[PDB]
Structure formats: C-alpha cells, structure tokens
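K.L.:
In case you want the letters, here they are:
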Amino acid sequence: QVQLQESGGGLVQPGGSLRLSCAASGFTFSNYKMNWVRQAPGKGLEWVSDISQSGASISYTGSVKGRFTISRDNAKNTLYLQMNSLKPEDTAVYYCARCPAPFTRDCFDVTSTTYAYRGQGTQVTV
Amino acid sequence: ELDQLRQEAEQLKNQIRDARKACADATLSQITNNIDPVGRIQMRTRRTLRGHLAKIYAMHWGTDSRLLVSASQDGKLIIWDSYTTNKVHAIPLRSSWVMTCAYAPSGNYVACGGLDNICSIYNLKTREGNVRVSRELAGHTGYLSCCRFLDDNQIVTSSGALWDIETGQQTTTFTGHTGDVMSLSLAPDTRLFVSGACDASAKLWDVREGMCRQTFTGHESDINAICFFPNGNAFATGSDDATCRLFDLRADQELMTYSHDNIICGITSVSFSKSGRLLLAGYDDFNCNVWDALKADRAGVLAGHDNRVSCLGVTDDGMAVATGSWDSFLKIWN
Amino acid sequence: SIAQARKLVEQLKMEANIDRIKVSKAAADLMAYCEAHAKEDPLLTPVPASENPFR
Amino acid sequence: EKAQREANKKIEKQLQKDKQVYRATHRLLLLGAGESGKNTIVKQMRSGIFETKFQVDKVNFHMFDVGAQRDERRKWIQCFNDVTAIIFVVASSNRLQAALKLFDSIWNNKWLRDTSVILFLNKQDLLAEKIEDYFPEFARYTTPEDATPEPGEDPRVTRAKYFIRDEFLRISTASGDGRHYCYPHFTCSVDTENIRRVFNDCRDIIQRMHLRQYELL
Amino acid sequence: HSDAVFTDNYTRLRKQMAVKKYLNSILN
Amino acid sequence: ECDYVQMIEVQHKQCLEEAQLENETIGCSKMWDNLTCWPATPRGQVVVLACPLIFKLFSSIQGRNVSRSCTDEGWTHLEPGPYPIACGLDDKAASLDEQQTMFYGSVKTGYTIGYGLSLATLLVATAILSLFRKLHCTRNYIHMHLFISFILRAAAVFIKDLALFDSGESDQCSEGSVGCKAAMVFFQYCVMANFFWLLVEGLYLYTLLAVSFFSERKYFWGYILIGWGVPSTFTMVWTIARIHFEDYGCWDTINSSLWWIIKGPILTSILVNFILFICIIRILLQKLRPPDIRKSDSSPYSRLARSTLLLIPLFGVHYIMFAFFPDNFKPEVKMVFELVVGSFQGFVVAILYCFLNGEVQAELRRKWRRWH
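Protein chains in written order, with the authors' numbering: chain N, 1 to 126; chain B, 3 to 162, 167 to 340; chain G, 8 to 62; chain A, 16 to 61, 205 to 251, 264 to 300, 308 to 394; chain P, 1 to 28; chain R, 36 to 407.
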C-alpha cells in the first residue's frame with residue numbers, strides 16, 4: 001500500500017541547519033509531484049514547498065524563501081529537504097505529501113486535513 | 003499513548019502482509035497461461051440514446067435486461083426502453099447535481115443522489131400513473147456517489167450506509183474509510199458488499215452485522231469504480247492510477263494488474279459480463295477497454311464515445327452492454 | 008487521535024483472525040466458474056441473429 | 016408499440032421544451048477559502207448545495223455554493239466543468267498562500283482547463299494594514322504603468338494590491354494558452370458592482386467562446 | 001450585379017454581330 | 036437591337052406590287068431595291084435625303100444624307116462611300132468587335148469553370164455537413180443553407196448560360212421563348228438569394244457577438260424567412276413588373292428602371308453587411324489585444340489581419356469595392372473582378388469553413404479510422 005515515512009528533525013539551535021528525509025513505498029516516485037507542508041502548534045496546515053516529477057519545477061512558500069531547499073531522487077525513491085538559518089517561527093510538525101493523481105501537473109487537497117496520501121510527519125523545534 | 007498504538011498497528015500490518023505473502027505461491031496468470039485466449043472481440047453500436055441534455059454520470063440495468071435508468075446533469079432521471087429506443091419515463095430531479103442512480107430488482111423503485119447529500123426514492127408504477135417522490139433520505143453528510151437496492155425495502159448507499171424504505175432511517179452505518187467512498191457494488195447473494203474510497207483501501211462489509219470483514223490494498227491512486235465477480239467470491243476495482251485490480255475475499259490479496267504503458271488515464275466504470283471473462287473497464291481517453299479477467303489482455307476497444315466515459319453496465323443475462331459518457335449519448339454494444 | 012488509533016488496532020486484530028485459503032484453490036475455482044458459464048455468455052460467444060434483440 | 020410511441024413523443028417534446036430554457040440559464044461555481052467574505056457576497060446578491211437564482215437584464219443566472227461538503231474537494235469539483243465560470247474569492251487582506271495554491275490547482279486541472287475563472291479580491295483591507310515579510314519579492318516590487326489607481330488612495334496600498342494581482346496572474350498566464358481566461362477584480366464585500374462585473378465577465382466569456390467556434394480567436 | 005451587366009453586354013454584342021452579318025451577307 | 040430587321044421585310048412587302056406607272060423615261064415606280072423604295076422619279080433632277088435609320092446604330096455621324104435615284108442598275112451614285120446604296124458611314128472598327136467578343140468568350144469560360152469548381156466543392160461540403168449528425172448545430176445550419184444558396188446560384192448560372200448563349204443567336208433574336216424568361220427569373224432569384232444569405236451569415240455572427248445572451252432557436256425561422264422569402268418576393272415583383280410593363284422578349288436588358296428593383300436591395304444587402312463586418316472587426320479588436328495587462332503578445336494586428344482575410348469570403352464584402360462604381364472601368368475591372376471572385380467564393384468558403392475547420396477535420400479523421 002501507499003505509505004510515506006519522514007525521518008530526521010529534532011532540537012537544534014536557532015540559525016542552524018538540519019536535513020529531513022521522506023521515504024515513499026507502494027508507488028512510483030517519478031510519477032507524482034511531491035510536497036512539504038508544515039503545521040504549527042495551535043494552527044492549521046500550511047503549505048511549505050513543492051517539487052515536480054522530474055524536479056524541473058520547484059517552488060517554495062514566501063515565508064521560507066531563500067532559506068529552505070527541496071530535492072528528490074527517484075532512484076532511491078527518497079526526497080531531501082535542507083533547512084538553513086532556522087527561525088523560531090518554523091517550529092512545527094512537518095509532513096511529506098504526495099499528489100493524489102499521477103501524471104498531473106497539479107494536485108488538490110495537499111493541505112487538507114485527514115489526507116490519505118500523507119506521512120506521519122516529524123516535529124521540528126528550535 | 004499514541005506512539006505504541008502506531009507501533010502495534012504497524013506490527014499488525016506487517017503480520018497481515020506476511021500472512022498474505024505466505025498464502026501466495028503462484029499467480030492466477032500463471033495458471034491461466036495454458037488456457038485458450040479469448041481473442042479479438044468486435045462490438046457494434048446497436049442503439050444510441052440521445053435524449054439527454056448534459057453529461058451523464060451513472061446508469062443501472064434492469065432485471066429484465068430491457069428497461070434501464072440513466073442520470074445526467076440536466077436534472078432528469080430517464081427510464082429508457084433499450085429494445086425499441088423509446089423513452090419510458092422522465093422524472094425531474096430536485097438537485098441537478100446527481101451522481102448516481104439505481105434500479106430496484108422488482109422494478110418498482112428508482113434511487114437518485116448526488117451533491118445534495120439526499121437520496122430520493124421514486125415509485126415507477128403507481129395507481130394515478132405519474133411518478134412521485136416516495137422517500138427522501140437526508141441522513142448523510144458527504145456527497146452521495148453510489149447507491150444499490152438490496153430489496154424493495156432495503157437499500158445501500160455510498161457517501162463521501168444501510169437504509170429501510172418503510173421508515174427512512176439509517177439503521178446501519180459502515181465507518182472505517184479515510185477518504186470519500188466513490189463506488190459500491192452488491193454481491194449476488196445480497197449478503198456482502200465492497201466499497202472503494204478515495205484511497206488504496208477497499209473494504210468489504212457484511213449487510214447484517216455491518217462491520218468491515220476485509221480490507222484490500224494495492225492501488226496507487228483514488229479508487230473510482232468497483233464491481234463484484236459473477237461468482238461472488240471476487241471483485242474488480244478501477245482507480246485513477248490507470249490500472250485495474252482483481253481481489254478475492256477468500257484469499258484476501260491481489261490477483262493481477264490490468265494496465266498498459268499507453269494508458270495514463272484513470273478508470274471510472276467497471277462491470278463484469280455474465281460469465282465474468284470480460285471486465286469492461288471505462289477510461290478517460292473517450293473509449294472503453296475490454297479486459298480478459300484471466301489473461302490480462304485487452305480484448306477490444308470501444309471508441310464510439312466522444313467524451314469521458316463515466317458509467318458502464320452489463321445486462322443480467324449478459325445480452326448487451328450499455329455505456330454512458332460525458333456526452334449526452336448512451337451507446338449499446340454487443 | 009487515540010480513539011482512532013485504538014479503532015484501527017482493533018480492526019487490524021479482527022482482520023488478523025480471518026482464515027485465508029490458498030490462492031491456487033481460489034484461482035482454480037474462478038477458472039472453473041468462467042469455463043462452466045462460457046456457453047451462457049453472448050459476449051464471449053456471439054449470439055445468432057435469430058434470437059438477438061439488438062441488431 | 017403505438018402505446019409506447021405516444022409516451023415517447025410526449026417525453027421528447029417535454030425534453031425539447033425544457034432544453035429551450037436549459038440553454039438560456041448560465042451556471043456559475045462559487046469558490047472561496049472559507050471565511051473569505053463569500054457569504055457576505057451571497058447575502059448582498061440575494205443542505206449539500208446552496209443555489210441562488212438572480213436575473214440581470216432579463217438574463218437568468220444560477221450560482222452554486224460549496225454547501226455542507228468536506229474539505230476534500232478533489233472529486234466533486236469535476237462536477238463543475240460545464241459551468242459558465244468559476245467565481246473564486248480571495249481574502250486579499264498565511265491564507266493568501268493557500269488561496270494562491272487553490273487557484274493554481276483549479277487553473278491547471280485537466281477537466282477545468284476549458285472553464286474560465288473570475289477572480290475576486292474581496293478583502294480590500296490593505297489600507298488598514300498599510308505583508309512584506311510574507312512575500313520577499315514585494316520589497317523590490319515596482320508598480321506597473323498599467324495600474325489605474327482611483328484618486329484618494331495611498332500608493333503603498335495600490336502597490337500591494339497590484340502585487341497580489343500580478344502574483345495571481347503569473348499563475349493564471351503560465352498555462353492559460355487561450356482556452357480559458359481569468360478576470361481579476363478589486364471588489365469589496367459591500368460593493369454593488371459584483372453583479373455587473375459577473376455579467377460583463379460572462380458576456381466576454383461567451384463572446385470568446387463564439388469567436389473560438391468560428392476560429393476567429 | 002456583375003452577372004446581369006455581363007449578360008446584357010454579351011447579348012447586345014451577339015445581336016450586333018447577327019445584324020452586321022445579316023447586312024454583310026446580302027452584298028447585292 | 037433586333038427591332039430594325041422587321042422594317043426590311045415590311046418595306047419589301049409594301050413595294051412588292053407591280054409598277055403602277057410606266058410613263059417615266061426609264062419607267063421606274065413603286066419597286067423596292069435592297070434598301071429603299073421610290074414612288075415616282077423625275078429624270079431631270081436627283082434629290083439628296085437621309086439614309087434609313089437601320090444604320091443609325093454604331094454610327095458616329097448624325098444627320099448624314101446621300102443621293103438616291105430610282106434606276107435599277109444603280110440606286111445611288113457609283114462611289115458615294117464604302118458601300119454604294121447604304122449610308123455615308125457603314126462599317127468601322129472591324130478588329131475591335133473581334134477582340135471584344137474574344138475577351139467576352141475568355142471571361143465566360145473563366146467564370147463558368149470557376150462556378151463549376153465551386154459547385155463541385157459545395158456538393159461534397161454540403162453532404163459532409165448534412166450527413167454527419169455530430170456537426171448538426173445552428174452555425175452549421177446557416178453554413179449549409181449558405182452552401183445551398185451558392186449551389187442554386189451556380190445551377191441558375193449554368194441554366195441561363197445554356198438557355199441564352201448556347202442557343203442560336205439568330206433564333207434568340209427572332210423570338211424569345213417562355214423558357215428564356217423562366218430561366219432568367221430563376222437566375223435572378225438565385226443571385227439575390229445568394230446575396231441575401233451572405234448578409235444573413237454576417238447578421239448571425241453579428242447577433243452572436245454583440246448579443247451574447249440571444250436565443251437562436253426561436254429566431255432561426257426569421258433568419259430562414261429573411262434569407263429566402265424576401266428574394267422570392269422581389270423576384271416575383273420584378274417578374275410581374277416586366278410582364279405588365281416593357282416585356283420586350285427575353286428579360287436580359289437592364290436599361291429600364293425595373294432593373295433597379297433587383298439592383299436596389301442587392302446593393303443594400305451588401306452595404307449593411309459591410310457595416311456589420313466592420314463592427315465585428317472592432318468586436319474582435321478589444322479581445323485580440325492584451326485584455327488586462329501588457330504581455331509579449333507579438334503581432335496582434337497581424338492576427339486581426341489574418342482574421343479579416345479569412346472572413347472576406349464568408350461575408351462577401353469585396354463586392355463593395357467596385358459596386359459603387361457606376362461606369363468606372365466596368366468591362367475590364369468590375370465584371371472581371373466580380374465574376375472571378377463570385378465564381379471562386381463558393382470554393383474558397385467551402386475549403387475554409389468545411390475542409391480546414393478544426394472540428395470537422397477532427398471528426399473526419401476519427402470517422403476514417405472507424406471505417407478503416
């Protein structure tokens with residue numbers, strides 16, 4: 001079945017750097033656009049970044065523009081997210097999400113609650 | 003707390019996967035390799051129904067395999083006579099966003115439902131001769147996607167539940183799905199039914215006790231269509247990942263995957279034939295594919311339709327196969 | 008989500024106790040069912056026009 | 016057989032007379048990011207689907223609301239591919267990023283690539299807030322010469338509102354390719370020009386469709 | 001239209017040719 | 036100009052009687068020679084009188100007079116002019132007539148072959164638009180009605196050519212049959228019907244563009260009426276006017292005021308169309324240019340020009356170019372330009388709106404795949 005596992009995170013000092021990994025199982029990595037979404041404590045889900053199937057189209061939200069970067073590797077079926085110059089505002093639980101439909105250059109309900117194609121997510125605090 | 007809940011849940015999933023792997027040594031394709039191929043099948047458009055105004059979502063074949071029901075976005079539920087291509091009935095609908103329709107086995111009642119979250123039951127035959135509203139079930143919170151009649155007083159509905171016609175109350179709720187349930191099928195013995203949601207899991211529910219007996223995984227996208235095998239010990243699912251899958255209740259695992267490289271479109275309608283040898287999947291490339299259930303080979307292509315195919319149905323006696331699409335046409339194939 | 012997790016664990020435990028027969032037996036059963044009703048399927052074997060409603 | 020034919024012809028004439036009015040009604044899909052002032056707009060113009211009927215210049219318009227539906231909008235949105243337009247409301251006053271992502275999803279849908287989108291910037295509260310940290314590109318943004326700000330408006334408010342408009346248009350014009358168009362507007366909840374704006378946008382959409390029918394566009 | 005004026009001009013030309021040929025035929 | 040040959044035999048019969056007086060020196064009285072007759076001649080003197088009016092046509096000299104006598108050997112002087120007993124000026128510009136008839140034959144062949152090609156294309160185009168059920172729509176109904184109008188116009192052209200010029204010119208001059216009048220009436224009806232359907236095509240797109248919220252189904256009958264009955268009414272009015280007043284054989288002459296009954300509406304059916312066309316162009320312009328903000332929309336006026344070029348044959352506005360000309364360059368310009376463009380207009384419209392149409396081609400390729 002489809003499953004997403006997030007690894008990494010933890011407690012780091014503000015302004016540091018940390019790398020998060022997302023492992024996918026049950027489907028082809030290259031056929032879906034992938035997303036990172038954070039949820040702050042006491043707040044709803046907030047979209048962070050998106051990466052296309054081949055990685056040509058990569059975009060980030062304006063809150064963390066110029067600080068966080070995303071990349072994907074289809075051969076290892078894994079996605080990497082590097083965070084540099086951390087901020088206290090970025091204390092949240094992070095979720096690696098898969099777009100519901102393959103071979104579609106868009107996808108809906110990425111930040112929707114009770115999303116089926118979403119991983120467990122890891123808490124990141126500074 | 004929640005962490006060890008998740009840990010033993012993962013352990014249970016691993017145990018289920020190991021049990022499924024142990025019970026599987028050879029696939030159905032390996033066994034059916036030595037049987038004769040079905041061959042190339044030619045189907046011709048025997049009748050065309052053009053009375054509809056907008057895109058058509060669902061249809062249901064009749065018990066006598068002559069009368070049918072069709073639902074389109076114009077808000078008209080049309081009862082058709084498939085033999086002489088003459089319209090039998092046209093019932094206006096309160097909500098034009100109808101997504102599903104069902105035909106009673108006795109032929110006296112017809113169900114409709116959609117985004118209004120309300121299922122309307124109409125009496126086809128009455129003393130005064132005009133179809134009226136007989137029941138209005140408004141207990142659901144999500145949009146209705148499929149409905150099937152168990153009998154004249156028992157109905158099963160799919161929303162993203168079991169209802170009694172006489173009292174109009176939700177006597178049984180089938181919970182456990184995470185996504186929106188899109189398709190529902192009824193077993194020949196009217197004792198079990200499979201429901202596919204907006205996820206890889208399709209759940210089998212017993213009609214009486216109302217709990218989920220089995221859960222089947224394997225799909226890679228949202229499940230849109232489901233249909234029981236004529237035998238009743240198996241079923242087929244069509245999802246958005248451009249693949250069709252066959253599962254069985256006794257073994258509780260996947261049989262084979264029907265897919266092609268040239269196909270990148272999801273499946274919206276599946277319906278087995280009388281013998282179960284043909285799967286008759288409906289795709290988004292404006293055409294349907296006839297899939298051999300035992301050899302995973304495309305028997306034929308039904309490219310008569312001009313828009314996306316939404317519903318496909320097979321007669322009870324397996325005489326003709328009807329197909330409705332996003333164009334206001336219903337086409338009958340042999 | 009403690010209650011939901013408990014419900015999921017209970018559902019998985021219930022699904023663990025079901026008895027599954029071998030895949031080969033079920034495959035043979037479906038093959039025999041398909042071959043027994045092959046002559047009763049007009050789609051598999053074309054029906055003669057004499058008794059065919061749709062022409 | 017004849018007993019069936021009189022019923023068939025009666026149903027046929029009923030369907031013809033209903034089609035005579037079905038094509039005269041325009042269907043619109045109303046969408047918003049929750050509490051983005053859409054309900055105020057509905058109250059100004061006047205359980206699963208809430209429908210509103212209003213006649214403008216002897217032309218009927220039938221608008222559909224989201225209603226009591228779950229947040230999972232991937233599936234049922236496909237039911238609104240044949241509507242005349244999708245009126246999408248954005249709270250312009264990070265909900266803005268969520269609205270932008272939703273607009274991107276709606277614009278690029280395979281089934282919704284043939285329907286036009288009427289973009290409304292309902293929350294014109296930029297004057298109260300006088308934003309820069311949320312969008313780093315806004316710091317170096319310059320007001321385009323195409324802007325036509327009304328007299329009596331602060332230049333910073335105009336710069337911010339056209340920055341949001343261009344942020345929406347860059348997604349809108351990324352893959353429009355001419356089959357569908359977007360019509361952004363700087364409207365307000367209490368503004369009475371929403372009906373006229375929708376009327377003009379629908380007229381423009383139908384004229385463009387007619388031009389495409391004759392291959393003139 | 002152009003068709004009518006062309007037809008009128010051509011029929012006048014044909015009549016003129018016929019008259020001139022009739023007069024020239026009888027030289028006497 | 037066949038109304039002069041009758042007096043030749045009239046005078047032949049009038050003076051066919053034997054001479055009543057033979058008391059002259061030569062005895063000449065009351066016989067008819069090739070041109071004129073003399074009742075009685077005084078041999079003492081000879082008079083000079085005007086020549087017969089038959090040669091007044093194609094004559095640059097007015098009031099010419101010749102000397103005529105009675106003598107059988109010579110009616111006039113030995114060498115009065117080119118021909119002895121005729122007017123002073125008889126024949127001129129021999130090669131001009133030959134070059135004119137050659138040019139007329141060439142242009143006749145040209146527009147006939149153009150009309151034939153247009154008809155051949157229009158039959159198959161109409162068959163494609165009518166047989167296929169998918170293409171059935173109001174625009175395609177106006178498109179197929181305009182094709183039928185062009186087909187009828189070409190058929191009437193061919194029938195008129197067969198019944199007017201293919202027949203013997205002497206036979207037509209001697210008498211005009213009822214079939215000639217019927218063919219001319221059908222020709223005028225078809226030409227006016229074709230012109231009125233180019234206007235309807237322009238009016239339909241105009242109504243579609245300016246009035247988006249317009250119900251075409253309940254106004255289709257009005258379009259059919261204005262496209263068919265009005266040309267029929269005008270044709271019947273012209274026919275009854277010709278029958279009542281100035282029949283004069285075959286109704287090919289247009290020098291009478293009744294020709295305006297056909298000329299009047301047709302010009303109008305052009306002018307309004309042109310105006311509508313202009314408005315339609317403006318309707319496109321605001322949409323063709325960048326609607327909201329400035330983009331890299333290179334060459335929008337080029338797109339407007341190509342749209343205008345492809346819309347020229349559907350509207351037939353080119354007729355307004357040389358329609359207003361009363362007599363300016365009529366033979367070498369208005370007729371040549373308007374017959375060639377009129378003959379090829381049907382073919383161009385058929386190949387532009389049926390063969391090159393995206394929807395029609397997309398349906399035709401899938402139909403070809405279905406059949407093979």
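Because the hints were derived from the structure by calculation, they are not lab data. Mixed in with the good hints there might be a few duds.
Taking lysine-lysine and the PhoX-like style, the derived pairs with C-alpha atoms no more than 20 Å apart in a straight line are [unchecked claim]:
{"id": "1", "chain 1": "G", "residue 1": "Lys32", "chain 2": "B", "residue 2": "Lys15"}
{"id": "2", "chain 1": "P", "residue 1": "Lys20", "chain 2": "R", "residue 2": "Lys127"}
{"id": "3", "chain 1": "B", "residue 1": "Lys89", "chain 2": "A", "residue 2": "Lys25"}
{"id": "4", "chain 1": "B", "residue 1": "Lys127", "chain 2": "B", "residue 2": "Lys89"}
K.L.:
Decide, hint by hint, whether the structure agrees.
P.N.:
Hints, one by one, checked against the model:
{"no.": "1", "hint": "G:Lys32 <-> B:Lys15", "result": "violated, 25 Å"}
{"no.": "2", "hint": "P:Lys20 <-> R:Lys127", "result": "holds, 11 Å"}
{"no.": "3", "hint": "B:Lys89 <-> A:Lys25", "result": "holds, 9 Å"}
{"no.": "4", "hint": "B:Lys127 <-> B:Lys89", "result": "holds, 15 Å"}
The earlier numbered hint that this structure contradicts is number 1, and it is the only one.
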